[PDB]
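Shown below, as structure tokens, is a lone chain in the form deposited in one PDB entry; questions about how it binds or moves come after it.
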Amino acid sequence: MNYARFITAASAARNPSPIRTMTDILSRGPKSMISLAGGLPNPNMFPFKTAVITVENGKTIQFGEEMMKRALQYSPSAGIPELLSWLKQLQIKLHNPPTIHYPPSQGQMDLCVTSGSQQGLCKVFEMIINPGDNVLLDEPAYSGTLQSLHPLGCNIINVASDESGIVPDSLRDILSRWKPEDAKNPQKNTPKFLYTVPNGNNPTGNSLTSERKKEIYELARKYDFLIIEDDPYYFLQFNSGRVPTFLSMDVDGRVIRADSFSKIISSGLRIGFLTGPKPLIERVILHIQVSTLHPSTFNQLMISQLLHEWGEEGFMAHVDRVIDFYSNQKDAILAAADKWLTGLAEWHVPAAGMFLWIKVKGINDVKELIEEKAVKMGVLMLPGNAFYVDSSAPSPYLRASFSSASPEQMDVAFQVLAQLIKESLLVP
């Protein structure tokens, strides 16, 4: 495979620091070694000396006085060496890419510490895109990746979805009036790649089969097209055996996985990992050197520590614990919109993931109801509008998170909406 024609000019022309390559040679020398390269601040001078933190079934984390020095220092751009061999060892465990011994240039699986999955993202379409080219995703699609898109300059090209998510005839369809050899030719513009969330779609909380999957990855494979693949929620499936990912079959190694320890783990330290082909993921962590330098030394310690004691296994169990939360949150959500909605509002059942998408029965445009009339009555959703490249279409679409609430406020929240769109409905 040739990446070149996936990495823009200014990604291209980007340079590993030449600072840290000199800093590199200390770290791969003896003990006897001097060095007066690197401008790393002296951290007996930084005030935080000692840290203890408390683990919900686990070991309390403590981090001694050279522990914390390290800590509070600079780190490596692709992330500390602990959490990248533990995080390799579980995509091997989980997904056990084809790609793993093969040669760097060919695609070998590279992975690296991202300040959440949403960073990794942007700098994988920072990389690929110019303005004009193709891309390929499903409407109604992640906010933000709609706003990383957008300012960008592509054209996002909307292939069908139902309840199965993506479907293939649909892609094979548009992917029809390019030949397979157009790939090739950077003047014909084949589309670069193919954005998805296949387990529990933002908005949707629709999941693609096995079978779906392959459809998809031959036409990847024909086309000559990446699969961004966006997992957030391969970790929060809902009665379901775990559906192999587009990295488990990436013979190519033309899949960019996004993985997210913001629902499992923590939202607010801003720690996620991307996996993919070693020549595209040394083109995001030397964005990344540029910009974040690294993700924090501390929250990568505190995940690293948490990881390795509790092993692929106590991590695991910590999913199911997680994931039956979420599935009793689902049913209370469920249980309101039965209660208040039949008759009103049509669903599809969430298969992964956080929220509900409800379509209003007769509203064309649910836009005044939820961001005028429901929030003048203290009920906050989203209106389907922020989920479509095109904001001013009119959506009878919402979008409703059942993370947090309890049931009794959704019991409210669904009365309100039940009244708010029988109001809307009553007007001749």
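Positions refer to the first chain, counted from 1. Here the rigid core means the biggest group of C-alpha atoms that line up within 1.5 Å when the two forms are laid on top of each other. Compared with the form deposited in another entry:
- Just one of 51, 377, 26, 67 moves its Cα by 2 Å or more between these two forms on a rigid core overlay, and this residue is 26.
Same protein, different condition: the form deposited in one PDB entry was shown, now please give the form deposited in another entry.
Lone chain follows.
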């Protein structure tokens, strides 16, 4: 398995910056080192000098003068080394991927810090996708991936999904149009990858089971395609005992995993990370180098100090508090839906994340109900249309986030929704 067939010609031709070239030789020379190489602003001319950041149940984070100069300066494209090594150990403890000690050419596990998991996904899609390429995913899907994929000119093949995510039988039936050996022939145009959000899918709230992940992985080996495991709700699972990830079962080095801090630590800091085969991670870093140069040094240092002070134990205690809060929010939205929506709509318990996916019983298109009537009433939800490749098609579905509204706000919101649905159903 070579990574060359998956990547575009343009991604393969990317070269490191002349500084990244010098940085290699910097560690091959003496300790004296005088540098006249970079266009770095002088660290003594920065207007910010020190910083103190308070942490609820934790040590205050402090950036003294020297740390502040580093925080305000350019840093490596792949991320600061202390955050990279901490995240690498986190992945090993959580997923123990088979690829850890593989040689680099065979897809050795590598990591890079990205400006949210959105940047990681975007760079992955751009590295892989040629116009006309086949890609697999289950609809409804995250609108940010659909809007990333759409300008790339790929053919998006929808794979059926139910309460337990992707239905492996649907994937098996779709793949039966090709023969396994067609993956070795580029004119056969076999799928490049399967994209999935395995825990609390945006927008469904549905999660894949361990058994289905094993079945999906075996179909990925058979037809030799990559798996893009976009897991930002990994640390927001409501089920007791986490399900193994695709990364944990990645014997082939065919999994690219996107992780985010947006849902558990901070969304505004724009900090995520990508885990996958070293040749593919290297291509992503090179693209990052010409786009954003690197993720914010300041925000990485903040997170790194918080993570190092917490330890694996303090980080896990924070996720427990987060899961407990969202689990109560999930119960509150479910109680509001039971009280006002029973008989008018279909839904079930989300397995992870922050969304409730509701199907309105006798309405073909919910877009006018949500975009017009509900807006005039002071209630904001997302119509299902936003989560399909064909967003112009009518949708009976709506996405309701339970992340921030109070139980009483959920009650009033669903009372308004029920009233508007009933009014629309009574029109002959």
